[PDB]
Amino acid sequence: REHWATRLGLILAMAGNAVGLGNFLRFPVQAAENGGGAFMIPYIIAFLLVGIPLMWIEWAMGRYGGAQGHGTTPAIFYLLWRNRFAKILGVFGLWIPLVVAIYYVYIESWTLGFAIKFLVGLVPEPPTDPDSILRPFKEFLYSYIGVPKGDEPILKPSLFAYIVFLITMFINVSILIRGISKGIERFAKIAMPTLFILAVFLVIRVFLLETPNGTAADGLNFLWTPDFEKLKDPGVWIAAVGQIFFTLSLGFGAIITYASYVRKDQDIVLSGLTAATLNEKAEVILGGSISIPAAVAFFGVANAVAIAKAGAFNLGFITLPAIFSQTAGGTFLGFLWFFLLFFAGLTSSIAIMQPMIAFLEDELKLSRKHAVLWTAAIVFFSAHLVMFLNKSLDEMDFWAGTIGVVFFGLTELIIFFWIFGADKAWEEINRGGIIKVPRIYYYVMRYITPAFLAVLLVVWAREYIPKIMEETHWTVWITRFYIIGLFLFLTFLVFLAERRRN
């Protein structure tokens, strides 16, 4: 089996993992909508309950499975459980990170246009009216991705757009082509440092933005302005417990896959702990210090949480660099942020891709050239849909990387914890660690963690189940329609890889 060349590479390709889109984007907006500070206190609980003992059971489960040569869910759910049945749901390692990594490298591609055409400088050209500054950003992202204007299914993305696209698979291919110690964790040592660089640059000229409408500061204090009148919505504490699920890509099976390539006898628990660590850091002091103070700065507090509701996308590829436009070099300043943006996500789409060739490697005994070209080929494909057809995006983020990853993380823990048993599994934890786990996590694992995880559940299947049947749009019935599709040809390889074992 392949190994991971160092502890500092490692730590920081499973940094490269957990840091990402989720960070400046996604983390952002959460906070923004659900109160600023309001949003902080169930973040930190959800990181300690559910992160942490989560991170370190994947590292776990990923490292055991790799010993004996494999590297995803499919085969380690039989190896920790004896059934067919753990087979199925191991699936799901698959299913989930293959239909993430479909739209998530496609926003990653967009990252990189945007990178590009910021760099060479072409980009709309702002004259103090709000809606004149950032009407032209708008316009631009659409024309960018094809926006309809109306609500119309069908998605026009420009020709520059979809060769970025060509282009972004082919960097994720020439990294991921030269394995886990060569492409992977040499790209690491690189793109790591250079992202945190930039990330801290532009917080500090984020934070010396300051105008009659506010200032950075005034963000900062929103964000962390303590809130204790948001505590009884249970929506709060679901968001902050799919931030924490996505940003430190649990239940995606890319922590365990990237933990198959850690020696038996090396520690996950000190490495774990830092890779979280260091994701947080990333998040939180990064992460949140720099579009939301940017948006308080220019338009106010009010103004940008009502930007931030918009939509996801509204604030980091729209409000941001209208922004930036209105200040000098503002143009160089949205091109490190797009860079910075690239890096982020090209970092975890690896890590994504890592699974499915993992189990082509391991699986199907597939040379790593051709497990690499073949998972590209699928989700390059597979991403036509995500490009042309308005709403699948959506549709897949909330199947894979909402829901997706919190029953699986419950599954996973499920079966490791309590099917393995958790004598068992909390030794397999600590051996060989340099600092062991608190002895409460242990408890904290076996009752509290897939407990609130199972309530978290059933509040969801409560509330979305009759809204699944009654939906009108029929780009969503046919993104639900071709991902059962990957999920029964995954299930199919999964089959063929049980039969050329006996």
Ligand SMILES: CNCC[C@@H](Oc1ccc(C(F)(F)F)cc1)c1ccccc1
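So that the term is clear: the rigid core is the largest set of C-alpha atoms that superpose within 1.5 Å between two forms. Residue numbers count along the first chain shown, from 1. First, how it differs from the form deposited with the ligand bound.
- Once the cores line up, the CA of residue 265 ends up less than 2 angstroms apart between these two forms.
- Put the two forms on the same core and the Cα of residue 151 is off by 2 Å or more between these two forms.
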Given for the second form:
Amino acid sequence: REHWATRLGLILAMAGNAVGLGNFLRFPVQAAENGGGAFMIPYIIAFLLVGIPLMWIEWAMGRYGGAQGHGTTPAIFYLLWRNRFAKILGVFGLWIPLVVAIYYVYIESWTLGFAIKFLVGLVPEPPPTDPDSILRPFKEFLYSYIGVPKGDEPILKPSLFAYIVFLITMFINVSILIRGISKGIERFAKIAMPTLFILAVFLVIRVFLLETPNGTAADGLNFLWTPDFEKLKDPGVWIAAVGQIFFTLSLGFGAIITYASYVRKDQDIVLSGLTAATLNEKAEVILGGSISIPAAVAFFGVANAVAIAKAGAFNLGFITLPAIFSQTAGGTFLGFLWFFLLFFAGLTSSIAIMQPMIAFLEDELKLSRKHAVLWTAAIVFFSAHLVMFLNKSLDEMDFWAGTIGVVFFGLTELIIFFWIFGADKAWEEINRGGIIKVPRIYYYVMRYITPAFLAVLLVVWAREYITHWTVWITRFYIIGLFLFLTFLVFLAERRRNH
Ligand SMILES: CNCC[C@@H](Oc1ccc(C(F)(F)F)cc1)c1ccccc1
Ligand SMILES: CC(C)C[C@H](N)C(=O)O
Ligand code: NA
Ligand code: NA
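If the structure you just shared is the form solved without the ligand, then what does the corresponding form deposited with the ligand bound look like?
In what comes next, the whole complex appears, and the chain from above leads the way.
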């Protein structure tokens, strides 16, 4: 089995897995919609009671599987629980990252396309201070790129440029993945993470120097880091925070598990796991939180920035921020550095959610790396045409896989590892080879607090929160993908028989 060459390259590959579009795009929008600092308390508690323990569980399950030659959950679940239902439940750890990949790689492709155009200066020109006259050209710029419907039909029409950039983005993902774990993912991470970090720091400094009659960047930081204890009674904030924690740390995606299955059976996962998780949180609360919101607040004030963050999820990052930047000398270039940052952040993450399917084909169906990567790219590429051409298909996939799926799957992998396999075996498996030991309090968190936390959350979700007819096209398609992956698991157990 392939293994990570260096401890550092492992940390950075895992950090790269976690540090992505979620830190710079999803987090600020989530924090601004939910009272800024009112969001941060549940977010921290979620990190301590959900984020940390599940990260340790997923590293453990991964290393455990990999030692027996299996990198994915259909098989790993079966090792921990010798039951046919374990294999079926394990299909979600191929389904979730695959469905997520289908839309995530497309959003990643936008950032590349915007980087190219912002570098070459093919950008909208606002007139030489009326906000709507400055924002609109950048709105139209995004709308033409992705092809937002102009009438009644729920159909998108991406520009020719957007389509070819998607193709290039796929080609780039493939070229990294085809070289494997040490020479591909690890090598790229060593280049990509330092670049990503430097670009983000530069932008944070640049944003910190912004001031208008409407405000400063520091008003954005005060909005984000000032608690509201009255909001702590609102369950919506808690549901939002926990969802962000999952998405941001790549928990419940089978992506951490798979990367961990290339950690040698002896090697530490406790300190490594905690460091990768902590690097992500820095890049999210310090770097990601410091760019978009403070810049929006400076130029528009708090209440306008909140309203912008509620307008959509891509309004802030693809419209508002580059619009703001265009009002400053060297702004088109500053736009380029932002989108380049986003591209590298997306790229290190999307290779993490394509690798589970690659690992399944190699481990269970015995395809070569080349064939496994090429077929995985073909399924993502083909499937992506749904997200590219059907309005709100992205939202449907992001809901079922990226939102509901991950929490369900997190609770499931915890029940399988810590309740069925055995709480004492699991704990032994986590700490085995550890540089540091996991605090004793976390045994009771993992066994009782985390699962009760998530079960209560999911109860309120499917009873107090659960559209156009076209959402059924996407549901149909992704259900079919699940059935298809079930077929492959079936074929894998048959190959093992013969
Ligand atoms: C609860 N979250 C809001 C839904 C939001 O989803 C996403 C938000 C951000 C990302 C990103 F991080 F960019 F990858 C991916 C998906 C979304 C999806 C499609 C359109 C608009 C918003
Ligand atoms: C799907 C995951 C790889 C997403 C990643 N953790 C992010 O925050 O962008
Ligand atoms: Na993240
Ligand atoms: Na990343």
